[PDB]
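Read the single chain below, which is given as C-alpha cells and is the form deposited in one PDB entry.
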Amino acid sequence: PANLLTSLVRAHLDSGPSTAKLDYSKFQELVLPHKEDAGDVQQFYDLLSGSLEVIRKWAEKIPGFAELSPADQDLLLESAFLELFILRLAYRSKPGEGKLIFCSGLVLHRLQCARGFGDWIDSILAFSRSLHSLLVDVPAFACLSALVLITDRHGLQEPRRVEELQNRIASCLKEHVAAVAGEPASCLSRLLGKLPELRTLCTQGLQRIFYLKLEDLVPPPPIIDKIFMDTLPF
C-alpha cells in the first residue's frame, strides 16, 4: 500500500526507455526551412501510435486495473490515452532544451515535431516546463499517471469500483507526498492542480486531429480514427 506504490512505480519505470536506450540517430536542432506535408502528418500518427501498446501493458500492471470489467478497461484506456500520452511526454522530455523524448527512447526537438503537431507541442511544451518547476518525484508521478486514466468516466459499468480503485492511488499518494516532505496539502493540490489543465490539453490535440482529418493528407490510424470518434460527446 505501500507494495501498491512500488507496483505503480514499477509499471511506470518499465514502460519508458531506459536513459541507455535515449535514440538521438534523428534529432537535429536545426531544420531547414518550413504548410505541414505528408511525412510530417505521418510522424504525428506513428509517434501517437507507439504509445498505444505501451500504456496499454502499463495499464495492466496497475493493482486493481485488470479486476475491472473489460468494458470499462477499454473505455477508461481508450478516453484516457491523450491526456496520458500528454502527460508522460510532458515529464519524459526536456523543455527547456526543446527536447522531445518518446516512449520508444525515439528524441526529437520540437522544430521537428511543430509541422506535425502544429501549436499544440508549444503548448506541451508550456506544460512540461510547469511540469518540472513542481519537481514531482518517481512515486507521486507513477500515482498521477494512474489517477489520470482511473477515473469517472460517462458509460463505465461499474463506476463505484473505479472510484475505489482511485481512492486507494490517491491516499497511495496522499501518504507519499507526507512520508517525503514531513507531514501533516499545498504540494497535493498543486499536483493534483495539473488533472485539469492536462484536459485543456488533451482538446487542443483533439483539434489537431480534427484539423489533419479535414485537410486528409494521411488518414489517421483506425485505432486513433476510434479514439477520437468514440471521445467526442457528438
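Positions refer to the first chain, counted from 1. Rigid core (definition): largest C-alpha set, two forms, superposition within 1.5 Å. First, how it differs from the form deposited in another entry.
When the two forms are superposed on their rigid core between the two forms, the C-alpha shift of 2 Å or more among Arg168, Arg199, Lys61, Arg56 belongs solely to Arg199.
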Contents of the next structure:
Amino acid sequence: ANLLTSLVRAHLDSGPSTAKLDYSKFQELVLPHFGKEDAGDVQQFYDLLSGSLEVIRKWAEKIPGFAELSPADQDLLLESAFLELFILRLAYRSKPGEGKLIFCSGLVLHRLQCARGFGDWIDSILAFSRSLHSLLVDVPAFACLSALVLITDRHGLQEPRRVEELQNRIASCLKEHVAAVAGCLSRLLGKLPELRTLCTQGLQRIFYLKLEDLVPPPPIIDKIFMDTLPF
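Form deposited in another entry structure, per the form deposited in one PDB entry context:
Below: the lone chain, stripped of partners and molecules.
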C-alpha cells in the first residue's frame, strides 16, 4: 500500500539505524546501590521519557490523516498512548539477550545502568522485549500495530468518527499486509496483558518518583501522568 509505505517510512525515521547507535555512555558493568537513586538517575529517567515523547510526536505527525485531526484530538491521542508506545517501541528496538536498552535517540544503556532510574520496571520491559521478539513481528506489521495503539477511541475526542475512520484504514492496511506475506495475530493479543501491566508499572514508578521528589517531573510528563489517572 501507499499507506503501508507511509507508516513504514514514519516508523524507520523515528528510531536510530545500526550506524548512529551511541555507546558513549554504555557501561557493560556498573555497581548500583539497588532500591535507591540520586537526582541524576531521576533526571535521566525523565529526559528519556521526554525525548521519546518529542520523537513520538514527530512520528505521529507523519501518519496520514493524523495532522488533520483537531489539535486537542492530536494531544489526547498522544498523551493517552505515550506510555504504551514508549514501552512497545523500547521492547521492539532493545536487545534483551545482551541486557541492552536502546532508546530512540540511539542511546544504549545496560539494564544495571537503568535500575536506579527505572527500578524493576526496566527488568519487566526487557522480559516483554524477549516475549515480543519470539513472535517475529515484521517491521510493516509493527509499523501498523504501533499506529493502532495511537489511533484508537478515547474519552474526550472531539471528532471520534474521523479517528475511527483512520483506525479502520490502518486495520485494513495491516490485514492486507498479513495476506501478502502468508502467500501470529492471536498470539500477539496473548501478550497485551503484560503490556498493560507494564503501562501500570510506569505510572507506579512516576508516582514513586513524584513522592520522593529528588527532581520534579517535567511539566508535559506530569500532565500525561495526571491526565491518565482514572480518578
